[PDB]
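Trainee: So the chains spell out like this:
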Amino acid sequence: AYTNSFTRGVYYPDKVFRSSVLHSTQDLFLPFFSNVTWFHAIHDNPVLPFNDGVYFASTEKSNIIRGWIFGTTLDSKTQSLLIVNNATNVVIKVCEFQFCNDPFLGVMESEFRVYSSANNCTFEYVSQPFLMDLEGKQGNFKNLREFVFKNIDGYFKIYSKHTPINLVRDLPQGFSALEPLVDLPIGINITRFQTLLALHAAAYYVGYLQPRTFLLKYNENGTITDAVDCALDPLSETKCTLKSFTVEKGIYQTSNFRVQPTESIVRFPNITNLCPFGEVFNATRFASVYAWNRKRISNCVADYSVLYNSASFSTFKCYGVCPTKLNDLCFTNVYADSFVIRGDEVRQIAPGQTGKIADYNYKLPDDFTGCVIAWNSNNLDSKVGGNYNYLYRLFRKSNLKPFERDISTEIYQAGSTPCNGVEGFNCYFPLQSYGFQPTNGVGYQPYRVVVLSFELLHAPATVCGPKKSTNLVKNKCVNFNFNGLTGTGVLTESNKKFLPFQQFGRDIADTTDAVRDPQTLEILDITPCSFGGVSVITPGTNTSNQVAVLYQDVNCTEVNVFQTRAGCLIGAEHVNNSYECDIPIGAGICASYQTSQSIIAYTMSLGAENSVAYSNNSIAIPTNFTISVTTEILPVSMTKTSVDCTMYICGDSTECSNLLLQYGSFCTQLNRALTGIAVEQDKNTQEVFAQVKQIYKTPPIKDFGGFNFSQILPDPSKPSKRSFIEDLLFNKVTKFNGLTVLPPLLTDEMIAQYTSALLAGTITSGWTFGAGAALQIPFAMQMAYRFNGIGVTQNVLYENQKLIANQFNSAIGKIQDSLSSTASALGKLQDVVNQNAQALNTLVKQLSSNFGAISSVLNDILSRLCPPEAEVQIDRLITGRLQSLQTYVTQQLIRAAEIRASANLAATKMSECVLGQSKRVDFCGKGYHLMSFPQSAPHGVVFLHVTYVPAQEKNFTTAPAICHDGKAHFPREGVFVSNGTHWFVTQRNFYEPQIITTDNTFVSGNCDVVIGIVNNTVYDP
Amino acid sequence: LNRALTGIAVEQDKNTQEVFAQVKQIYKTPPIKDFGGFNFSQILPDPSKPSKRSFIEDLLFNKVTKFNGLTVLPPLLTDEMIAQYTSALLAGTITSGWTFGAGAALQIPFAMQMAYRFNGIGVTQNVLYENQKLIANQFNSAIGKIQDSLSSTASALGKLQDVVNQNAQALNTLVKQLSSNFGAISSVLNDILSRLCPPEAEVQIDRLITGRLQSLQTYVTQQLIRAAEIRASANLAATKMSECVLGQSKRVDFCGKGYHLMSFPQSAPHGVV
Amino acid sequence: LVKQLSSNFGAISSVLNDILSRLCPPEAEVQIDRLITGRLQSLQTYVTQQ
Amino acid sequence: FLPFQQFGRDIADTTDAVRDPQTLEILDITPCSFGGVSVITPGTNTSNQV
Ligand SMILES: *[C@@H]1O[C@H](CO)[C@@H](O[C@@H]2O[C@H](CO)[C@@H](O)[C@H](O)[C@H]2NC(C)=O)[C@H](O)[C@H]1NC(C)=O
Ligand SMILES: *[C@@H]1O[C@H](CO)[C@@H](O[C@@H]2O[C@H](CO)[C@@H](O)[C@H](O)[C@H]2NC(C)=O)[C@H](O)[C@H]1NC(C)=O
Ligand SMILES: *[C@@H]1O[C@H](CO)[C@@H](O[C@@H]2O[C@H](CO)[C@@H](O)[C@H](O)[C@H]2NC(C)=O)[C@H](O)[C@H]1NC(C)=O
Ligand SMILES: *[C@@H]1O[C@H](CO)[C@@H](O[C@@H]2O[C@H](CO)[C@@H](O)[C@H](O)[C@H]2NC(C)=O)[C@H](O)[C@H]1NC(C)=O
Ligand SMILES: *[C@@H]1O[C@H](CO)[C@@H](O[C@@H]2O[C@H](CO)[C@@H](O)[C@H](O)[C@H]2NC(C)=O)[C@H](O)[C@H]1NC(C)=O
Ligand SMILES: *[C@@H]1O[C@H](CO)[C@@H](O)[C@H](O)[C@H]1NC(C)=O
Ligand SMILES: *[C@@H]1O[C@H](CO)[C@@H](O)[C@H](O)[C@H]1NC(C)=O
Ligand SMILES: *[C@@H]1O[C@H](CO)[C@@H](O)[C@H](O)[C@H]1NC(C)=O
Ligand SMILES: *[C@@H]1O[C@H](CO)[C@@H](O)[C@H](O)[C@H]1NC(C)=O
Ligand SMILES: *[C@@H]1O[C@H](CO)[C@@H](O)[C@H](O)[C@H]1NC(C)=O
Ligand SMILES: *[C@@H]1O[C@H](CO)[C@@H](O)[C@H](O)[C@H]1NC(C)=O
Ligand SMILES: *[C@@H]1O[C@H](CO)[C@@H](O)[C@H](O)[C@H]1NC(C)=O
Ligand SMILES: *[C@@H]1O[C@H](CO)[C@@H](O)[C@H](O)[C@H]1NC(C)=O
Ligand SMILES: *[C@@H]1O[C@H](CO)[C@@H](O)[C@H](O)[C@H]1NC(C)=O
Ligand SMILES: *[C@@H]1O[C@H](CO)[C@@H](O)[C@H](O)[C@H]1NC(C)=O
Ligand SMILES: *[C@@H]1O[C@H](CO)[C@@H](O)[C@H](O)[C@H]1NC(C)=O
Ligand SMILES: *[C@@H]1O[C@H](CO)[C@@H](O)[C@H](O)[C@H]1NC(C)=O
Ligand SMILES: *[C@@H]1O[C@H](CO)[C@@H](O)[C@H](O)[C@H]1NC(C)=O
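Just so you know, the protein sequences line up as chains A, B, C and D, in that order. For the first sequence, the working numbering assigns the number 1 to the initial residue and increments by one for each residue that follows. For the second sequence, the working numbering assigns the number 1 to the initial residue and increments by one for each residue that follows. For the third sequence, the working numbering assigns the number 1 to the initial residue and increments by one for each residue that follows. For the fourth sequence, the working numbering assigns the number 1 to the initial residue and increments by one for each residue that follows.
Since the hints were made in silico from the structure, they are not lab data. One or more of the hints may lead you astray.
Stated by the list, open to error - Pairs of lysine-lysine, DSSO-like flavour, derived with a Cα cap of 27 angstroms:
#, chain 1, residue 1, chain 2, residue 2
1, A, 295, A, 467
2, A, 150, A, 161
3, A, 640, A, 732
4, B, 240, A, 919
5, A, 954, B, 28
6, B, 133, A, 967
7, B, 14, A, 732
8, A, 496, B, 66
9, A, 919, B, 250
10, B, 52, B, 159
11, B, 33, A, 954
12, B, 24, A, 249
13, A, 249, B, 14
14, A, 828, B, 14
15, B, 66, A, 497
For reference, chain A alone in the conformation it holds in the complex:
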């Protein structure tokens, strides 16, 4: 009866070759994993809906399905497309037919009950004859022939694919693209179709197409190999939104949820009287244009479809509105300006027009809303002897304002002379007339013109169109229409006290806040029905295709379900246990993929909770330490792009360039900004790396006290003398539109030489090469100074020198192992590359946009259209592409500022971390800084920060001071500790107890002042 559809409904949307690209297209496709009807029967079929397009598929072994019928009645009464394959060729006809039996075609061929006539044919096509399977066979099917049948604007598009199969059961799973084959211009309104079966079995599938958006993957050979149905599910929406088939772990915003209306609400005043249009259009006599009439039409039901459909009118031109929308709109008042004019003067009755009537007798506003209605009256107002009862004002000393009625009869003066009702030179009358006779010319015949002026709704409306009202439903999302004002939202009761004259309320945005119900004068608030963005929480597609959906800022009762302050989270199980944050949701909630396995949501942990065993006489002092190496990765530079604004916008087009010149310096200001950026990328690089006045090199003998630097020093065997670690870093980070990339000034080899010099200086001369000359020093002694710099006596290093070197070497090895396996380690630098690449890919894609033009391709506009019309379309494209460049450049300037700040920070670290020793906490890594080593990286720098971290501690009893002979002895830069029986003095950051003597302590004051002073003895050497 039914089966599960699969990845079979994909066809080539057009005939353009694309390869190695993911292309997003919207067309009528079969939704993935939808239900498709299975029609089987062994030992005619029904008439099916076409549903704006039909997916059809069949499995064959003997060519049982041999044709299709498409139409409305499909019975010799309308044109109906008939496609038949009768062992010779495909025959397509749209002829009528008498189906004097349940049509099917029988098997060689010995039966033909499909038809017995051919009458009133308007199209016939026959392909070349072939020969195929006809005799009776039964079993597994051998050939699956899939088809798509769609009707677009009268064109019947047929797509198909034939493929070998070895399968009797349901549809095979597997991607297969459908090529286009036929486009038939027929123009038939198709609502139903039927199939044709061959009787000596039955097997075929019928699906239906829907307006889905698909993301199509074209491989290197231009064959469609996959597709994503966006509205299939949140994961598919995410993949198409990001235009990729792989989604990294995280949360993405892909769409917006909106509760849809369930029913419409149409509300109008309960008026039964009809508007007296007949008394104006069929008036016995029209007024003269010098004295035009204004009839008010109000408190009635108006129907403008009668006037519009009537063919008796010579013109019906609406300004501001248009004639088929007038039925759903209503007005506070409509006024009818009624007068007779000359035919040739109809053009003057319009906004923006001038002339002796437009200026002297009937002026319209240039913002006029309404309709100009006209018809000739040559058989009513014109008379033999002429009709001289219609007067117009020939002369006036001034023009007229809109809707002014100038009834005055003052004597007009051409020049300047007194007139007192006299007809004389420069004493003329403003009143003139025409003598209209049925025999006068076309332009001299009378026309009856009525202009209907509509005053936009503001106040309660009384003259409304023929739309009937409905009942009102509160507290539900509805699509409402109140007196022509439309929108979607939930209508609720309100406490807004509208004044008796007020009809509408407004929000800050001028949107409707509340309405007065036109039937019952109560005030209803309009709150649009709940909506919000929808985010998809997913582990990467390299792990699982299971996702959770977050509906932002909604309640869960308006749609496992977890209510959070971020929204309603669907698909994630709520876990009481806290963990480290993984994929953030918001409001303290994070999600992760963990174990059966599922996506979980939890309140994030801030770290383990602990307490410090504080007391007024207890100090913890470390007895051992660890040397750790951390990696700090900073962007320094970004790719130095340069864009030819002219070639991008106006590629190889003189006409476009000439139009572009009317926009001035916009281009050169973009070239200037990008040049400035490109230059500053090199300034940034020089400031970070060119901090050494000379190029230093290490000695051939690497006698550095056991410290192994072979993985950070250049390896004299590479085409570019980079270290092992640098090679690892470089192995982790991965045009004809006026878009170029400039090379950097400093090549990678030169950067490596600078980092080599900085490293060799640091190793052989410590910090001295930074301040001035490089002064050689044994490395172990350099470390001794670095230890003194953190309050640790140099003797600690020498005594543990071998241990320290091994820890250092091991730490370096661990970095290498980390860098060799974890690609994400350099994400901070990879993102910069991605951001610049994304910016360019977007920019290039903008060239495909129309921006309102007929075509995105400039040459296609130019080769078909000529300048007076072509220039407008080109200006539209220029505006769009120029705005795109302005956006790109602005984003690059902001990003460049971010990079500059990072480069300045990197230079600061280089100066304070590598050339010196930093006293700034966590500036040169967490811990007590010893030394740092630079390594170069693509568009960036990596610092290896060597830090001293206390490793093991004991609880010792302490005291701020010791009493001896009543004098208070305090330690000379150390602390007092007790092992329970004896007091010792020791350095703060490393347990090394010494006997308390007068050379370790100093005396100030006496025992009665110091809080916590203890009794002891002080040894005097």
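With chain A's structure known, arrange chains B, C and D with the ligands on it following the hints.
Mentor: Leaving out everything else, chains B, C and D with the ligands in the frame of chain A:
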């Protein structure tokens, strides 16, 4: 535009994590507040609030004060979580000095910690102990004065209030732009659509689309620039946290004017004090 | 920025008064809107760079 | 190109390749080489050679 705004929203949480999430563990003070006479009751959490914030933090929070496609996302770190981080940083500073920043938190008497801070400015530790009671009273009085100042002068937090105002002003302007015609017959799209039909309506709509899109581009650009300013401030705040609270700063006027001893963080709306 | 005032931006003339003194509102308003759009975009660019 | 395909396209929707209408072979279209030209010069206060 959605991408740019998402990037901003994300970086606001990165900024918060970098400023506050500088401690690997959540520390808590002992039940006995024997800190040598130094009174911290106005900066430590008060175990009685719906959100365990200090008195001063409550004062700070009491001073700082949609259907058009405009939404506000919640922060990842709620105010309670921020308070827990500041509590941990404060407890670490008090009970272990700077040791919790470099590595493990090593307990030390507070008076001795101050002795080290005094040595760090070239003042022998004996000065503190001999004047320890005086110093504690001065500290306690100074804290009380802060409370009195914060309790009466609303303008004290103007630097943070302006940020709120700038974002609010930006949105109010943006929403108001929907009322503009931009050359169209009406700013209301539905009123154009219900009276005019496609060959003429599409032009008026394109005019409104152009105007509203330009308005968004302007808003987003201003937000990106403002966000860069905020990021610089957050980086500075993180730097101070690292050098002022976790350590002791030798940088003149970096951690206030005078010779720096110690600093204490307090959370505030969209900021740190 | 000042030089941008000399640009037509598709208008018949960069000088606003020359448009206004020869053309009347139903046609003049379009040319003026073209100049307003261009000059406003120029200011937006200037302010952003500043 | 598949037998029904006549044109190829680039990311920008520009033509990548064409099927020759007289002989059905596929030809790639690569715009002829172009690029910016920069002038390296000492200041005109020294020399006019570039
Ligand atoms: C200090 O810690 C280091 C390790 O960080 C200790 O060295 C380890 O000592 C054990 C002895 O039990 C050896 O088995 C390990 O192989 C050593 N590790 C390394 C890397 O050499 C050192 O002994 C500790 N010292 C003290 C006094 O506790
Ligand atoms: C510094 O460490 C490197 C680590 O690779 C040592 O080089 C290794 O040396 C051993 C023998 O000494 C070889 O068996 C390995 O194959 C080498 N590895 C590589 C990657 O070359 C180097 O010898 C150490 N330096 C010193 C002075 O011992
Ligand atoms: C505290 O340290 C002292 C100094 O090392 C310890 O004293 C000595 O103890 C050893 C036996 O462990 C004797 O052989 C020495 O002669 C002692 N010397 C002195 C000067 O007393 C003392 O035992 C330690 N106390 C604890 C509890 O560990
Ligand atoms: C340190 O030792 C001195 C004397 O050796 C202690 O002072 C004595 O204090 C007790 C109790 O107050 C008196 O009874 C003695 O007469 C005092 N003797 C002298 C010489 O002053 C002092 O109290 C001790 N410190 C502590 C903390 O107990
Ligand atoms: C630290 O200072 C606070 C200041 O408020 C002290 O709490 C006050 O304590 C006194 C009595 O000790 C009460 O009368 C006040 O009402 C308290 N004020 C508040 C706001 O609670 C606190 O006791 C001081 N700490 C110590 C150890 O003395
Ligand atoms: C297939 O159709 C049946 C009813 O005909 C329906 O209950 C079922 O849910 C459909 N399949 C899917 C996957 O929705
Ligand atoms: C199929 O129909 C065509 C119609 O012209 C006919 O010529 C052909 O012979 C038929 N095929 C047979 C009889 O196998
Ligand atoms: C078909 O042909 C007949 C000729 O007898 C003609 O009268 C009729 O109008 C034509 N059209 C239809 C739809 O029957
Ligand atoms: C097609 O025919 C149906 C009647 O079956 C009718 O309702 C529909 O409006 C027709 N389509 C057109 C475009 O007239
Ligand atoms: C593309 O065609 C070539 C034939 O030269 C073939 O070797 C290659 O595997 C094909 N690629 C795909 C993805 O089918
Ligand atoms: C006014 O509207 C109500 C709503 O149902 C209707 O019953 C009433 O008859 C209307 N008034 C007139 C005069 O028709
Ligand atoms: C005018 O009168 C004619 C008949 O003389 C009638 O058919 C027409 O509908 C009338 N028009 C109006 C607006 O009353
Ligand atoms: C991601 O995919 C690659 C190749 O499919 C695989 O080697 C890698 O282990 C995957 N990632 C994880 C975390 O397993
Ligand atoms: C919606 O959220 C409110 C918030 O207080 C809650 O009280 C209510 O029960 C939730 N569910 C509904 C309205 O169905
Ligand atoms: C988690 O805690 C809640 C307390 O509100 C409790 O109702 C729930 O059953 C707990 N779940 C588990 C698995 O412990
Ligand atoms: C110090 O003493 C406290 C007392 O409870 C203990 O919890 C803590 O672990 C001790 N420190 C070490 C390093 O063992
Ligand atoms: C430490 O605190 C205890 C409280 O149990 C007190 O008796 C002792 O005198 C205090 N010592 C110092 C030095 O403050
Ligand atoms: C530049 O020109 C001025 C005046 O012509 C001259 O004095 C100056 O020396 C020139 N610069 C150099 C580097 O000679």
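Trainee: To test your reading of the hints: which numbers does this structure violate?
Mentor: none
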